Every structure is written in C-alpha cells, then in structure tokens.
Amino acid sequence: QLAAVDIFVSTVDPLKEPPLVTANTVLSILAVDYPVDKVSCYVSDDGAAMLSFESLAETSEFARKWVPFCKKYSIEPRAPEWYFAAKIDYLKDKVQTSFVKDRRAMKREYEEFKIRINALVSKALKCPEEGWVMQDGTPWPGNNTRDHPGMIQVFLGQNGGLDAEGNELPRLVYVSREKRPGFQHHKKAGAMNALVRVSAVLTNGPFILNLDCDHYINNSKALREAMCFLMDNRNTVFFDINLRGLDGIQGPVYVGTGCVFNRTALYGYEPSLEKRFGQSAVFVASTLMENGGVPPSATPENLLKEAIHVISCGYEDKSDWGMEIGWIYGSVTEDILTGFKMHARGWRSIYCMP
C-alpha cells in the first residue's frame, strides 16, 4: 500500500537560487507517479521574496498543463528544462503522431512559461520604494525581510482547480515563517523544523522527503520504489525496529537530503500533555496518530490558523525543537545542523534516491 509523503523544499534567495530551477524541481514533484492525494509539496521561502511567491503561483498554473501531459505519455525526466534537452528522433515517424503535436504544443507553452518567469526576475531586479504590491492591490507582507508575519498559501490540491484533463493535482504549499528582530531563525534548520510542524498540521504524512531546490526527481516512480522498501552503484537504505539495549543500532541516526524517512522517528516516544513540542494542541495530536493524517472534522481554515501559529517566531522557545527534536541547531558540539534526528527508541526507515 502507498503511504502519504510530505516533500520539503527550502529556498532563501531568488538571486542565487534561480526561480526557474526551483520551478523545475517543483514540477518534477507535482508530476510524480503516485496517488495525487498522498503526495504534498511544501516550499519554505526563508527570503519571503515576492519573486519566489509569484514564480510558485506561475509554476502551479503551468503544472496544470504539464502534469497530465507527463502522466499520459510516460515522460521522463518530469522536469521540463531537462526533458526538452533530450534530443528526439523525429525521423522515425512517417507522419506527425498525436504525441508529437501534443509535445510541440507543450514545449511552446513551456517556452512561454520561461518568458514570464524571466519577466518576474527582471521586474524584481530593481526594488520599488514603497515596497512590492500584490497583483491584488494589497501590500506584500514579505517586504521587510527580517520583520514580517507568518505566511502560508496553498495552491492546487483539492480546491485549486483541475489539470487539463479535469483531474486534481497535489497540494503545493508556500510557507514563509515569521521573522522578528530579537529571535533567531537558525537558517535552513529552523526552516526544516517549521516545515515539519506545518506539514503535520495540514497533511501529516507518515513519510518525509527533503529535496534541495535544484534536485529534480529523475524518475517519476521514485516514491513507489521507495515504498517497495519502506513497507514490506546501489542506493542508501536503512530499517530498524529498536526494542532493546545493547543489540543492533545504538543511538540516533541523522538523515539529510534526498531521503524518504518515517515521520514518527523525529518525535521521541517510548512504547502526558507536556509541551516539549511547544504549545499547539493540534500538533501534538498529530504526533499521536497511527498512520498520519488529519481529523477530517477540521475545516481548511482554522487549521490554516494553527499552521500559522506553529511558524510563529517564538514557537520553539522552551521546547526541545533544535535541541533534541527535528533538525538540530549547531555550533556547540553536535556536528549537525546537517540532518533530521531519528531517535533509536522506535521504528525507523530510510530510502535514499541515487
């Protein structure tokens, strides 16, 4: 069977992380050969850059065309830039097939997509003074980069409008955690932790996968192959049920990038209310769930509220986050801010892609 997966991408600066490359990674994620309902893509933008937000909006709109195309004709890789670079043998066909016209159409619409991304970049290339204004008319909450409220925006998924074939697409969530003067944010680490919490509130998939913003998925089946190991040259795998003391794997394991791993390993918990996890009833509830998921009773809105709450600024204060929970904040000794901490304690599984 196929378990839900939450996929994290972290970006920080559109000027060293070109929006188009991020777009291609995201498009490779949204087109993944896996049940649409059970794959979700969270994109932390630590820079709160409207260029990124809009590029992401654009990306989702293009995904509406690109994803059904890929699934219909079994395309790989499912990141457009690298797909259209693979040379094709047109000579082998006597006449234009339906595939190649679908595809010439598609490439054209992708080149148009690129053009509007370039437009966004260039438009951004010199600061307006009164700050950026949304296509709405309301001011952009991210303009003050070290001083701005939490932002979450969900694209696609169940109420983000179908693809070109009337089918739904995976959730695509924009997240920019609160930044305030006087609070540390611990960089990518504090970002991964906040994404753990947000994803827990919105979807709560039993597995997590963290990809760099330039790591596009090579093979649309990557998640299925991973599940072929996670539930009963070569790549990195790890499985452990650790009862026990002295036998087997001792202590924590640290997982970085490109690896599907089980969520609950993050959480401590030997087989109490205690806010070790910070104060959010919804979140700890989520940590106490068998096979992940949210209570369907909750409505998209008020859980959007608690999702904004778990990325507030000082949520982690007086909590184990960054200390013994999640991605671990460094410069003391641990030699981390390099991975998610998987506690020995209980069930642990990792499948990494090549």
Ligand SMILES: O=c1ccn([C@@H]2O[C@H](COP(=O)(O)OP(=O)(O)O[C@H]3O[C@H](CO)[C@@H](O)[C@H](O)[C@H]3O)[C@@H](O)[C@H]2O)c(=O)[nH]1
Contents of the next structure:
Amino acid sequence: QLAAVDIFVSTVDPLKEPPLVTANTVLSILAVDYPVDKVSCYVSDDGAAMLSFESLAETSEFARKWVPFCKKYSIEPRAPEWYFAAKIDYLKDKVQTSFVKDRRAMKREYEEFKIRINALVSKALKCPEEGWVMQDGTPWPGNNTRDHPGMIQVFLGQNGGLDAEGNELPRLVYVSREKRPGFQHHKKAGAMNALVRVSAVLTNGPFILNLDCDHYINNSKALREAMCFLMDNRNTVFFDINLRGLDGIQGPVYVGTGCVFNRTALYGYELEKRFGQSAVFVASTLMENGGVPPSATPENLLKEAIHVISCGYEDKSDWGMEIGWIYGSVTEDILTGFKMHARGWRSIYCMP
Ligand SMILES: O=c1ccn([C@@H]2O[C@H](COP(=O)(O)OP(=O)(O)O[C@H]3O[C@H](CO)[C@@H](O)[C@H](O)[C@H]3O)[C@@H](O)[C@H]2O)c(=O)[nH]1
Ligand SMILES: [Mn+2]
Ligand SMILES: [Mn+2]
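Previous: the form solved without the named molecule; requested now: the form deposited with the named molecule bound:
Next comes the full complex, this chain leading.
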C-alpha cells in the first residue's frame, strides 16, 4: 500500500537560488503520481524573503492548472521548463488534437507565470525604505532577516482550493523558522530539524524525502517505485530490522538528499524532552503508522507548528546532537544527512 511522504526543500537566498528553478521543483512535486493527501511539500525559507513567499504563492496558483494537465496526458517530466523544452511532432496529426489545444494553452499560461515571476524578482532588486509590505497592507514579518518571528503558511491541500478539474491538490507549506540575535540556527541542518518537527505536527508521514531546490522529480512514478521497495546503474537501497546483535549492520546510518527514508528511524532513543517541550510532537513520535489526531483544528495545529520552530526550541534537547540532522565542526561528519539509529526498522530508497 502507499504510505504518506513528507518532502523537504530548503532555500536560503533567491539571488543564488532563482525563484523559477525552485518553482519548477515544487511543480514537479505537486504533480507527482501519488494520492494527493499522502504527499506533502514543505519549503523552508531561511532567508525569510518576501520574494520567495510570493513566488511560492504564484507557483501554487499555477499548479492548479499544471497538475491536472500533467495527470490527464501522462506528461514527463512534470517540471514545465524542462517539459516545454522537448520538441513535439505536430506534422503527424491531420487536425489539432484536444491534447495539442490544451498544450498550447498551458504553454502560454506557463509563459505568463514566468513573466509574473520575473516581475517579482525585478521588484525585489531594490528596497523601499520602510521594508516590505504584503498583499494586506501589513508589513512583511521577515524584513529583519536575523530578528523575526516564525512564519508558516499552508497553500493548497484540503482547504486551499481545487485544481482546474475540481480536485484537491497536495499541501504546500511555507516555513521560515524564528531567528533571534543570540541564537544559533545551524543553517540547513537546523532548517531540516525544524522541518522534521513542523511536518510531524501537520502531516506526520512515515516517510521523508529531502530534495535540493533544483532537483525536480524527473519521473512522476518515483514515489510509487520507492514504495514498491519500502513496503513488503541501479539506485541506493537499504533495509534493516535490527535487534540485539553483533550480527548485521552495526550502529547508525546517515542519509542525505534524494532518498526516501522512514521517519521513526530518526527517533532512535537512548526522559522524552530530549525531544523538546512539545507535547504534540512527542505524541507524534509514538504513532507507528503516522498521521495526526483527528480532533485538531488547522488553527491549533498552526500553533503547535509555530512553537516547534521557535529559536530556543532545541535548547537542553538532543536535536542536532543525537536526533535528526546532526550539528558538527567537532567530531561527527554528519550534517551531510539525517541520523538513522539502529534500534528498530530502517529503510531507504534513493532516486536515480
Ligand atoms: O542558513 C542556511 C544556509 C544554507 N541552507 C541550505 O544548505 C544548502 C547549502 O547551500 P550554501 O550556499 O553552500 O550554504 P552555506 O551556509 O554557505 O554552506 C557552505 O558554506 C561555505 C561558504 O559558502 C561553503 O564553502 C561550503 O560548501 C558550505 O558549507 C542549500 O540547500 C541551502 O538552501 C539553509 O537551509 N539555511
Ligand atoms: Mn541550537
Ligand atoms: Mn538541499
């Protein structure tokens, strides 16, 4: 069967990470061949850049058109920039097909999307003096890049509006963890640990996958292929049920980008606020088949998700020490990946 997957993308700087490339990665995720309620996309923005927030907003709106198109016509790859680069053979058709008509309209929609993103980048090139202001009229909470509250915004999903055929889309979650002078943030490693916790509060999928912001999914069946291995030339795979044992794999395994791996392996254990002072998160670590308690409102969940990204959350905890992505510059050569402990079940499937 098909287990839920939480997909993590970390970004920091739209000037080094062009918004359109990130958008293409996100669109290839949102259009993946998978039940929409069982794939979720979390984008961490450590730059707290309004440009990234707004380009992700525009991206979700375009996804509402792009996703049903790809699924109707079995498009590959589902990153529009790369799909539209491939040449099509119009001469083999006597008359314009429904596919060709739909594709010509989709391509101009994509060109228009691109122009809007270019406009966002241009406007970002030069500050106004009072900092940025949002749709509302209210100021952008991340104007001070090193001194700003935690921000979470859920797009699409169950309550985020339908695609062009009237169907729900996967959740897309913007996350910018809190930053305050006097608190270390540990860069990507700290972002990934924050995303482990945010995802656990909001979806808590048994499997996690971390993609670079330019690593678009090339084959929409990638998650199904992974599940063919994870549930009872070639790519990297690992399976282990560890007990006791001078036998078998000894010690932890570390996993980086592009691999689906099982979440509970992160929680590998030696109280329980080695995990930090979140009742909701600690409870989530105890559900062996994932999910969230049915009686939590998106509103209370958004509480809890904000709490788990506060800048002091990891103080007095094992995060970055023995749990999650591990902090370094001492002995441990990680923060090249998540630490999967021996204790129980471990499984990894990496994409080609
Ligand atoms: O605060 C941050 C910084 C980076 N990243 C992510 O981590 C990855 C690394 O990108 P990079 O531009 O290399 O970030 P750096 O913090 O600068 O990490 C580098 O810092 C040195 C100087 O840039 C480099 O020589 C090293 O390759 C590397 O450790 C990207 O996916 C980034 O989105 C975050 O999530 N949060
Ligand atoms: Mn810390
Ligand atoms: Mn990355």
